[PDB]
Amino acid sequence: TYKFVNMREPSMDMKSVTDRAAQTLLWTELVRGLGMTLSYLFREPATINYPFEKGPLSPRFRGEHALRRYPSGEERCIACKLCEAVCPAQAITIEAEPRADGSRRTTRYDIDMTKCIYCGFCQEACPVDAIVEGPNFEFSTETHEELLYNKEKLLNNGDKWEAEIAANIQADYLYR
Amino acid sequence: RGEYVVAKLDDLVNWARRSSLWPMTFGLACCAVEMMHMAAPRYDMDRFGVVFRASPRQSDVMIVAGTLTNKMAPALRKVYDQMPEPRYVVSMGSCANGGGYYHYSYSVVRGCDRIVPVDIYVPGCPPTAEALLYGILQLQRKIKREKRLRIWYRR
Amino acid sequence: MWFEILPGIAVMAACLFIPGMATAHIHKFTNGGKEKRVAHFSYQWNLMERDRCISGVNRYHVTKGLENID
Amino acid sequence: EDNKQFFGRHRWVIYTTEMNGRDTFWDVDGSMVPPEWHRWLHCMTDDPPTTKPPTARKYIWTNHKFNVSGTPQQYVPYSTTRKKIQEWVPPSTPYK
Amino acid sequence: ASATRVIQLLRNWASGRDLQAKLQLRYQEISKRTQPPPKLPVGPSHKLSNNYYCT
Amino acid sequence: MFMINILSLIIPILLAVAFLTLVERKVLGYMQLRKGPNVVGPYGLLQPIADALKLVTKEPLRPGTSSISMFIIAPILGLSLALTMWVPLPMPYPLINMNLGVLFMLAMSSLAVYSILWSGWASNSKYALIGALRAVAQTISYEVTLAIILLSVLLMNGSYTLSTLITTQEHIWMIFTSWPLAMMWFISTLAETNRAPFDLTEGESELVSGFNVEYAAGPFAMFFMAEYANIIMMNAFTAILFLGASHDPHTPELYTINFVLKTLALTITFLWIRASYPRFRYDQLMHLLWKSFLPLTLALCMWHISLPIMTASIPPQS
Amino acid sequence: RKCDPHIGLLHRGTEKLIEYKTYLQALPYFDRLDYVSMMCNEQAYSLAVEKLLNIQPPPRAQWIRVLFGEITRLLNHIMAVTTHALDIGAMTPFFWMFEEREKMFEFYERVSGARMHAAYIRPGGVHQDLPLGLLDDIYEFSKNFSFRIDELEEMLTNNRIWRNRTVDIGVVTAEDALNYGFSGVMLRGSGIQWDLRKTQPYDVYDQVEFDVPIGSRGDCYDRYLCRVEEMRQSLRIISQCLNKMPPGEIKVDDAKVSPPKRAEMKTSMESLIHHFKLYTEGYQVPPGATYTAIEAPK
Ligand SMILES: CCCCCCCCCCCCCCCCCC(=O)OC[C@H](COP(=O)([O-])OCC[N+](C)(C)C)OC(=O)CCCCCCCCCCCCCCCCC
Ligand code: SF4
Ligand code: SF4
Ligand code: SF4
Numbered sequence: 001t002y003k004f005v006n007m008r009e010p011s012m013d014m015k016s017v018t019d020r021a022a023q024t025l026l027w028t029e030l031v032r033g034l035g036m037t038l039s040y041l042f043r044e045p046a047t048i049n050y051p052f053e054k055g056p057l058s059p060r061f062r063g064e065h066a067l068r069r070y071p072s073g074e075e076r077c078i079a080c081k082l083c084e085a086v087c088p089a090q091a092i093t094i095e096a097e098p099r100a101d102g103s104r105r106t107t108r109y110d111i112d113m114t115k116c117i118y119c120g121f122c123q124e125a126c127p128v129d130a131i132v133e134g135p136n137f138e139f140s141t142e143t144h145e146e147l148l149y150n151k152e153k154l155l156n157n158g159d160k161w162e163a164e165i166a167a168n169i170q171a172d173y174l175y176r
Numbered sequence: 025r026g027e028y029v030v031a032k033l034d035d036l037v038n039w040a041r042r043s044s045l046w047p048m049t050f051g052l053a054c055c056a057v058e059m060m061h062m063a064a065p066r067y068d069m070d071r072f073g074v075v076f077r078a079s080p081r082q083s084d085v086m087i088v089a090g091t092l093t094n095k096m097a098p099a100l101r102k103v104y105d106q107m108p109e110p111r112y113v114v115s116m117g118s119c120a121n122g123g124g125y126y127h128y129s130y131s132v133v134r135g136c137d138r139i140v141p142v143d144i145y146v147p148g149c150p151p152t153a154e155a156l157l158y159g160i161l162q163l164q165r166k167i168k169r170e171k172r173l174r175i176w177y178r179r
Numbered sequence: 001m002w003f004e005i006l007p008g009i010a011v012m013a014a015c016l017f018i019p020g021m022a023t024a025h026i027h028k029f030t031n032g033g034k035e036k037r038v039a040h041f042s043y044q045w046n047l048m049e050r051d052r053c054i055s056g057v058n059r060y061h062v063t064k065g066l067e068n069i070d
Numbered sequence: 050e051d052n053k054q055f056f057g058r059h060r061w062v063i064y065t066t067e068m069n070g071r072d073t074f075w076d077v078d079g080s081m082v083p084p085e086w087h088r089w090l091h092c093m094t095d096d097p098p099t100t101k102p103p104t105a106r107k108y109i110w111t112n113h114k115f116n117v118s119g120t121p122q123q124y125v126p127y128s129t130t131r132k133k134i135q136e137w138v139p140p141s142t143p144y145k
Numbered sequence: 001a002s003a004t005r006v007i008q009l010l011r012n013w014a015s016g017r018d019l020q021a022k023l024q025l026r027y028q029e030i031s032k033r034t035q036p037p038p039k040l041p042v043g044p045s046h047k048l049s050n051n052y053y054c055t
Numbered sequence: 001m002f003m004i005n006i007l008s009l010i011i012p013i014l015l016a017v018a019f020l021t022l023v024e025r026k027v028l029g030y031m032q033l034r035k036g037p038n039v040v041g042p043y044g045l046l047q048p049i050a051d052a053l054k055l056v057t058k059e060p061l062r063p064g065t066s067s068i069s070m071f072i073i074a075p076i077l078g079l080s081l082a083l084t085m086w087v088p089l090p091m092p093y094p095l096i097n098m099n100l101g102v103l104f105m106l107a108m109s110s111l112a113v114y115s116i117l118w119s120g121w122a123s124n125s126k127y128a129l130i131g132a133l134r135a136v137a138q139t140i141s142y143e144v145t146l147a148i149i150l151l152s153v154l155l156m157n158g159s160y161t162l163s164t165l166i167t168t169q170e171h172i173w174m175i176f177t178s179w180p181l182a183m184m185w186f187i188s189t190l191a192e193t194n195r196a197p198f199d200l201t202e203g204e205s206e207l208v209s210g211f212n213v214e215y216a217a218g219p220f221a222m223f224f225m226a227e228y229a230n231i232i233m234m235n236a237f238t239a240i241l242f243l244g245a246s247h248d249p250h251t252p253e254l255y256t257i258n259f260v261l262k263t264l265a266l267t268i269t270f271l272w273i274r275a276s277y278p279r280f281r282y283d284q285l286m287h288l289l290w291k292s293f294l295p296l297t298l299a300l301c302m303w304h305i306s307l308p309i310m311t312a313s314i315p316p317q318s
Numbered sequence: 074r075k076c077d078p079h080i081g082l083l084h085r086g087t088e089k090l091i092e093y094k095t096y097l098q099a100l101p102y103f104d105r106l107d108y109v110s111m112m113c114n115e116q117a118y119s120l121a122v123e124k125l126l127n128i129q130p131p132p133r134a135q136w137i138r139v140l141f142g143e144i145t146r147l148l149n150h151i152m153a154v155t156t157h158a159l160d161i162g163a164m165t166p167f168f169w170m171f172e173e174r175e176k177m178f179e180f181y182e183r184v185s186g187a188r189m190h191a192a193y194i195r196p197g198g199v200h201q202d203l204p205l206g207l208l209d210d211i212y213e214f215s216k217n218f219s220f221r222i223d224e225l226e227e228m229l230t231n232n233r234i235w236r237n238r239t240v241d242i243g244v245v246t247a248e249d250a251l252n253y254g255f256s257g258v259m260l261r262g263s264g265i266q267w268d269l270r271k272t273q274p275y276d277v278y279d280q281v282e283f284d285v286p287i288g289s290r291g292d293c294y295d296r297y298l299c300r301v302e303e304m305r306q307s308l309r310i311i312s313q314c315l316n317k318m319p320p321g322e323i324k325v326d327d328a329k330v331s332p333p334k335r336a337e338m339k340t341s342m343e344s345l346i347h348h349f350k351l352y353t354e355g356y357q358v359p360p361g362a363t364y365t366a367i368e369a370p371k
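Residue numbers (PDB author numbering), protein chains in the order written: chain 1I, 1 to 176; chain 1B, 25 to 179; chain 1a, 1 to 70; chain 1q, 50 to 145; chain 1r, 1 to 55; chain 1H, 1 to 318; chain 1D, 74 to 371.
Be careful, since some hints might not be right.
What the hints assert, rightly or not - With a straight-line Cα cutoff of 27 angstroms, these simulated DSSO-like cross-link-like pairs (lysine-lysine) come out: (1) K81 (chain 1I) to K133 (chain 1q); (2) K81 (chain 1I) to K124 (chain 1D); (3) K126 (chain 1H) to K102 (chain 1B); (4) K53 (chain 1q) to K216 (chain 1D); (5) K168 (chain 1B) to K126 (chain 1H); (6) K101 (chain 1q) to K39 (chain 1r).
Calculated directly from the structure, the hints in this document are not laboratory data.
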């Protein structure tokens, strides 16, 4: 089906042309605009008071990455090396090494924030939910260097936002 | 003494400079529409005291927002050049930060800082509107911690 | 809401308020309470010059009438 | 919190005056919000930690910190691996 | 919503329509952000009877 | 004490202009459902101060291909003329009671175009050059209607003395007699003052910043101050002309209340228009003026010259 | 006389790196290609890729795609109209609609987890389910948006300044428009009787009714009426998809092209291998070629 959008039939009776002349002479349609915006002013605004109040978000939010650890506290990461293999920007660099215990985890988990694109594929890639990416978005900076996150930086951030992301995946893993 | 007087004078200039900057968003890519989104009534930069001003001879801070290519490279620098002092550039998004998703392609310079002296790096792909709003807030905090008149006093 | 713009325009009303009040009161104050006797035509001007000379003090605005004649 | 206000401004904050040994009466940042309360403030969950305390862990940061960029306790990247090619140690004492 | 009937009348008359019926903002009508856990379905070929991938 | 009165007139207007940026920013934002400046001080009250002293502390870069003497004279003429616009206003009792104030009003307003022409030429850039040329072209097209409207409007007043307008409107607003001219005069004031839809002079979207495309920092405020000062004065001029007020000699306070309250209403509807209409175009800008405005102004002028004769209602020249 | 649209000031590798990224890795490129129509791009990629794989997504997946596809159509048409009004002058319809634009942007966040680059439409369906109650909020949004369209038309449609800057401007005849390779609204504005969603209904678009807004002049004004009518017809799709959202799975029941469920990942060995090789090697698409075409809002 379809419908026309500009087939207009201006009736040429003496009545109708009076409105058309009234429209042109007295700026009726322009006055419609004035009363239109006036009604908008007489309405409330919707400007949220940042940072005293921020935008509404969702448990599935993708933000800043943070490596987590088990309830025991050992790092979930086992260097399966899936995340960099799917990482569409190759922002994840990592090299595994033997460990003293034999639970040979990685000596390197460096995610370049200025190369990464926050698809969240790393979360889906990780079979042990080691690399998740938290709800934080305030991690701005002034020098390009501090965005080259390293294994220590992710571990510290994971220990920081651990209170938040733990509940987020708690309320979202059923969907995943 | 003179230190106290110059401290007040520096603060007086400081307060306006951190509350009257007029950004010029050099709209490049999907990062740019987000900056128009934080022009929406939801965030409304202008409530802070900043207005989207063209003619970059009027603007104070200029925002690269999106990927930057070699074709865009020389003109973008010139925008920075005749941009009057004080001038600050904020890196919007991963692509402007460090090339981002196209960091390896043949046509985009990896990172915008290779062309201009980036002041604030804002991560994101795209950075959510209020994340940039946070970055602008960081700009004023950094603007608050300057010693222009103080340095001249010891100069 | 829109009660937040009234502080802006109320100051505005005060700004345009001042020039009207000043020129009204200075005219009143300088010209002994009365307004500035305007002379759009030469008749009104030579009316004033008569007043300035007739006041005995060389100001037109000083008005002095029936107390003089005898 | 005020449910009568529209979505967004319905719950909000005024920040503290002392944050980790830093004056913050005039300045305002969004990052001093602790993680467990960051969940509730962004409407990611409409029930505050006062009624649903976050699960306690030995490693969870006891003191939340704001952004540290531009400050002496900044972050600085550094290679976390170990140097692999080591030089031939030059022996000492004799000659021929 | 907050807004008194006086300037509600001003919005309604100037706009030529009633705006209290529907507003561009949100209110209590929004589903609360603690929705119960789901029970997402299983695949059509999730049966453990004849399910050979040769089909 | 004539001097202190002068500063009592120019100083408040400059502070009024500064605060005009704040209210316009907030009101325009409110149409767009925004909030406008409310962080810098209570309800953005110190935003004009913040904007003013930030730009002053920004270097006034002169373009390489600029005549510095030519670059500087234009703001001086622009700002001084705008402040001089108020000296014959019938504010309680007019400051400069020029018997031909309306002619003095028109001559100074028409002399403002030299700032537009000189700024464009001194900048010496194609974008600024054609921006200025069309700017004056829009400018010079409309004041002929301004003169015709005033001649028809002032015809039933009695003379060109601005103070006489008060006694003419002693009973009813003068808009009722010439409301076709009132909208005629009002629209032409936007074109002179260069607000949307008549913003093609500046054209923020499509002419970058018009003649202010380069003009920065120090003397840029002068055009901005002169522009916004004209907004009040043109609205104030319209307020006295058509929306007259009663003036008790023993209480000039009262008529100031009426005059002031009207002139913010007239300025408010200015940016109210800006927040509702698309920007015009150069050809429509001329076509609207020369094809549908000039003929109507002529006929209405013809109607208003003969009207006092056919009704024996000619006004006294005094 | 002549205008040269010198473009390339944004030319990235795009297709060049796609030769080096796997199908899954290449998916986020389309989100960034026509960046204002987020899902409509990856809709084309998933339709293209699943066509080669000879695998059709479950009906539940299809209905989510079209719902977000038309929601994305609301995204872009608001962009196209408001941004145009910015430069023509009047800038308040910009902000008025952008308040709404956040609401569906918020909806994007509720499902995918990101604001713009959702990366939701994957080959074989969609990545995740809608959160519980998500359809309710978009239903509340759908009710109020018809009013917001009325704000645009009342603001602009009858305004003389809007019309005269737009009517009888940039008109193109049907033959040249088709010969120029134009598409979508560009042809429809000139009265050309064509629409991909109708003539070649991909996905669920056959099981839905909507009126294509064919213009009758070909000038800019005709398209503007066509676009705002496309808004209303898009709102028709939201309602029809809302009342007819079927149950079922989110992705195809073929782990060789669809990563297994996280629960099945950690209990079933076949899932681990299938998840492993999919995120490192990726599914192998059979050789061949295909030009799959969908009607983006552009
Ligand atoms: C005995 C009676 C004697 C008198 C009788 C007089 C005739 C009856 C009254 C006629 C109407 C009044 C005179 C004409 C007015 C219109 C002139 C004209 O050209 O109109 C058509 C014109 C042109 O319309 P157009 O361009 O669409 O069509 C004109 C005709 N063609 C196409 C052939 C060119 O309208 C405009 O110019 C529109 C407005 C442009 C400016 C934008 C801002 C408008 C703001 C409006 C709101 C604010 C109003 C404030 C009013 C004052 C407040 C103090
Ligand atoms: S979201 Fe994860 S997988 Fe995707 S680019 Fe970023 S680090 Fe790599
Ligand atoms: S973080 Fe997860 S996906 Fe990445 S290497 Fe470690 S275990 Fe593998
Ligand atoms: S950083 Fe991401 S969102 Fe920003 S321009 Fe690059 S790809 Fe687009």
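Could you tell me which of the numbered hints above are not met by this structure, giving the numbers in increasing order? 2 and 5
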